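Now for the letters of each chain:
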Amino acid sequence: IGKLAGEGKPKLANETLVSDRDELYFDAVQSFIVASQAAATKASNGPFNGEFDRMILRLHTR
Amino acid sequence: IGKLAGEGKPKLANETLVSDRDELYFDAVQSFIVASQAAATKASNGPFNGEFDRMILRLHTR
Amino acid sequence: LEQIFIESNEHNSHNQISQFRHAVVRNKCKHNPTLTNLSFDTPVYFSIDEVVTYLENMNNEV
Amino acid sequence: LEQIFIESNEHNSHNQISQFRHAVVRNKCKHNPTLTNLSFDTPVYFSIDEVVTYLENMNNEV
DNA sequence: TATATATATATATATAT
DNA sequence: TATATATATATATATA
Numbered sequence: 310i311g312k313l314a315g316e317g318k319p320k321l322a323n324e325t326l327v328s329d330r331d332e333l334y335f336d337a338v339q340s341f342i343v344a345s346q347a348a349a350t351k352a353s354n355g356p357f358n359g360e361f362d363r364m365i366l367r368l369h370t371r
Numbered sequence: 310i311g312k313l314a315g316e317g318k319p320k321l322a323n324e325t326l327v328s329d330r331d332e333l334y335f336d337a338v339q340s341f342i343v344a345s346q347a348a349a350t351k352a353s354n355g356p357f358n359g360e361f362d363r364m365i366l367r368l369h370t371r
Numbered sequence: 248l249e250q251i252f253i254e255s256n257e258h259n260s261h262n263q264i265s266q267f268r269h270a271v272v273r274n275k276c277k278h279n280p281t282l283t284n285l286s287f288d289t290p291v292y293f294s295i296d297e298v299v300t301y302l303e304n305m306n307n308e309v
Numbered sequence: 248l249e250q251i252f253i254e255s256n257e258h259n260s261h262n263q264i265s266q267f268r269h270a271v272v273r274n275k276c277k278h279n280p281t282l283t284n285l286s287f288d289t290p291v292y293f294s295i296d297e298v299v300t301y302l303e304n305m306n307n308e309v
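Protein chains in written order, with PDB author numbering: chain N, 310 to 371; chain O, 310 to 371; chain P, 248 to 309; chain R, 248 to 309.
One or more hints might be untrue.
Under the rule of at most 30 Å between Cα atoms (straight-line distance), these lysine-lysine pairs were calculated in the DSSO-like manner [what the hints assert, rightly or not]:
(1) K312(O) / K320(N)
(2) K312(O) / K351(O)
(3) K320(O) / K351(O)
(4) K320(N) / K351(O)
(5) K318(N) / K351(N)
(6) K312(N) / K312(O)
(7) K351(N) / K320(O)
(8) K318(O) / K351(O)
(9) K318(O) / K351(N)
(10) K351(O) / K318(N)
(11) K351(N) / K312(N)
(12) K318(N) / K312(O)
(13) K320(N) / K351(N)
(14) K320(O) / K320(N)
(15) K351(N) / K351(O)
In case anyone wonders, no lab produced these hints; they're calculated from the structure.
Whole structure, please, built from the sequences with the hints as guidance.
So this is what it looks like as structure tokens:
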């Protein structure tokens, strides 16, 4: 998620904002921006990032 | 693994991504780049790195 | 060999055990070259002092 | 006291704990100057507001 | 909570204009 | 004089 002024929402790979999660995350996989601390392109990781790594594989397998 | 743009996949020693694991992992051991946090060279560690150390030796023994 | 020297403590041993074995293997290969296909448990000679020297050179690696 | 005042990472606060102890120990001697060889665990008067403001001062030191 | 590796303004210094 | 170039410190995220 980006932290710039007026962009407290998730950013897409095309520098487009995600207003409502329930309408997009279901359609298909998405591409996001790179995480960096530069003031022009600042973005911090999210709450549940990196945690759900093994579960995806286990479930796809099952 | 590499986390740069459009590179949501692994990365070897020779800067070459991978699509389907099953195609190369079996043939011969491979070496990958070192973990790093640079904005240019962003490499993170894998999900299952480290865990499987013992059973390898146990099997080589048997 | 993993009981006489390395006590069970300090579970954070992923690196330690791996590099230990990787050191013993090479020290064995050096002083007994005539043979082939050596291993961890293969009974050939090795200088534990040299193992110490190597581990130290690693401890201060720059 | 270590239970009632300090509440963090049950034992992962080696800095704050020690500085707290130093504050109390050096404050006790101010308000009961006649006594000798005072220690932490010793039962004499010691004000807590003074200690709070003391640390609040250490915070913004330059 | 901690350490650590990243980072970024802010000098002072060197040199060439 | 102006312009460019190099160390120090200080604040923020990420991992355990």
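Hints, one by one, checked against the model:
1. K312(O) / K320(N): 16 Å, holds
2. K312(O) / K351(O): Distance ~6 Å between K312(O) and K351(O) Cα, so the pair holds.
3. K320(O) / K351(O): The given pair, whose Cα atoms are some 11 Å apart, holds under the 30 Å limit.
4. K320(N) / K351(O): 19 Å, holds
5. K318(N) / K351(N): Roughly 13 Å separates the two Cα atoms, so the pair holds.
6. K312(N) / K312(O): 19 Å, holds
7. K351(N) / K320(O): Holds. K351(N) to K320(O) sits at ~25 Å (cutoff 30 Å).
8. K318(O) / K351(O): 12 Å, holds
9. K318(O) / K351(N): Holds, at about 23 Å.
10. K351(O) / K318(N): At roughly 23 Å apart (the allowed maximum being 30 Å), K318(N) and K351(O) satisfy the hint.
11. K351(N) / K312(N): Between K351(N) and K312(N) the Cα gap is close to 6 Å, so the pair holds against 30 Å.
12. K318(N) / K312(O): Roughly 20 Å separates the two Cα atoms, so the pair holds.
13. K320(N) / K351(N): Satisfied, since the Cα-Cα distance of roughly 11 Å is no more than 30 Å.
14. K320(O) / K320(N): 25 Å, holds
15. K351(N) / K351(O): Given pair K351(N), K351(O) holds - Cα atoms ~15 Å apart, limit 30 Å.
When the structure is compared with the earlier hints, no violation turns up for any of them.
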